[PDB]
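Only one chain is shown below, in structure tokens, and it's the form solved without the named molecule.
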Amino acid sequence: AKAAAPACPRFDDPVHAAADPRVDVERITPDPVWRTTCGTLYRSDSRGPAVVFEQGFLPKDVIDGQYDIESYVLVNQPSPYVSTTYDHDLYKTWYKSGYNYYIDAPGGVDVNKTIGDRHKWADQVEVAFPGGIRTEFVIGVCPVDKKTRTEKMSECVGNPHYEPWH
């Protein structure tokens, strides 16, 4: 080294990653701009890793939840989406969610590419996964010390179910 990074694998299925494949891609509004990069993404969640490593990240409701992205972002009501972020540090902004999960998953809807980078929550730099995220795409987790908003890095854990794909 040094070395330039290679380009990403592209699955034909825009919801390849989905933990709940009943999600209906045609109902997504507006027209989604899918993420085509393959960097690590993150998610603050208060749910613990015993659960997330077994189940993945399941969406609250693929059947009757809020398929409109702008609505889902602005009002946060049960949806077919699991939100993640490009920003490793967004956990510092979360009220008291426990853990910073590390994700290596193809696809997702890029929220700012889809709805623009001017809405109220644009600095969350979100990627919304319709159908969620299977366990094989969850790398691991670091617990968060809440009073300093830092990761407890000697307490990070790998997901035994993680399956590297690139």
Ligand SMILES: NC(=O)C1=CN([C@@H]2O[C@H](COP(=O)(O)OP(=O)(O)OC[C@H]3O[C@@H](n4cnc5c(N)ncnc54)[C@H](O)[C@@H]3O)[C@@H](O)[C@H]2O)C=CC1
Given for the second form:
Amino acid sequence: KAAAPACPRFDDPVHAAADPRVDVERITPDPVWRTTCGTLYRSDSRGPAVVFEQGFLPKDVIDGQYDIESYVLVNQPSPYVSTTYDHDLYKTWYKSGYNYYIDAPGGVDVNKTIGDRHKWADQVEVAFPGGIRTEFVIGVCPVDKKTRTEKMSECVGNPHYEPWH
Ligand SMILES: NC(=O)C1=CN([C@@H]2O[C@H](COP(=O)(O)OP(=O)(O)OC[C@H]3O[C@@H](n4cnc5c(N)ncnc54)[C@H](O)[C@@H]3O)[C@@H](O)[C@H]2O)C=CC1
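Following the display of the form solved without the named molecule, present the structure of the form deposited with the named molecule bound.
Below: every chain and molecule of the assembly, starting with the one above.
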């Protein structure tokens, strides 16, 4: 047995951003940044050919919804790409198609930022302002709609993944 080490700390809180035009000063409320470095996950209907090329780009870093709770409660175009601590959250999506695996520094820990009492605290979300570059996307597993399970013989690793810890 070995105990795990601690995580590297990047000076830039949006070091992972695919779109660095994100304005961290406009995040509300004041963000509590994730300091751990475990695998995160994201349900996305887009195929790996798309995501592995572009990374996870946010829908509107300029004029989007910068308020976390507003974005959590009412999904609308925002500077954030949503991820979860929960490997199994894909089972709650309607035909989300893929469960992406992410190894990225930072992100805003939603429940630490807005509390764990809101309606969707159960999503244990980490919101990445500016999105996530492809080098931090590990890979993906397709989801079988009927059983809400991963098709594990069809998982694919991202050739652009660059381990950093
Ligand atoms: N998706 C997840 O695994 C998680 C989502 N959430 C919550 O769910 C809601 C967000 O769910 P999402 O489906 O992530 O909304 P989202 O708008 O990020 O993605 C919705 C769909 O839009 C498309 N899409 C996303 N970004 C795009 C882009 N840059 N260009 C083109 N098409 C794009 C994809 O088909 C994606 O499945 C928020 O309220 C958030 O709190 C929280 C935890 C993780």
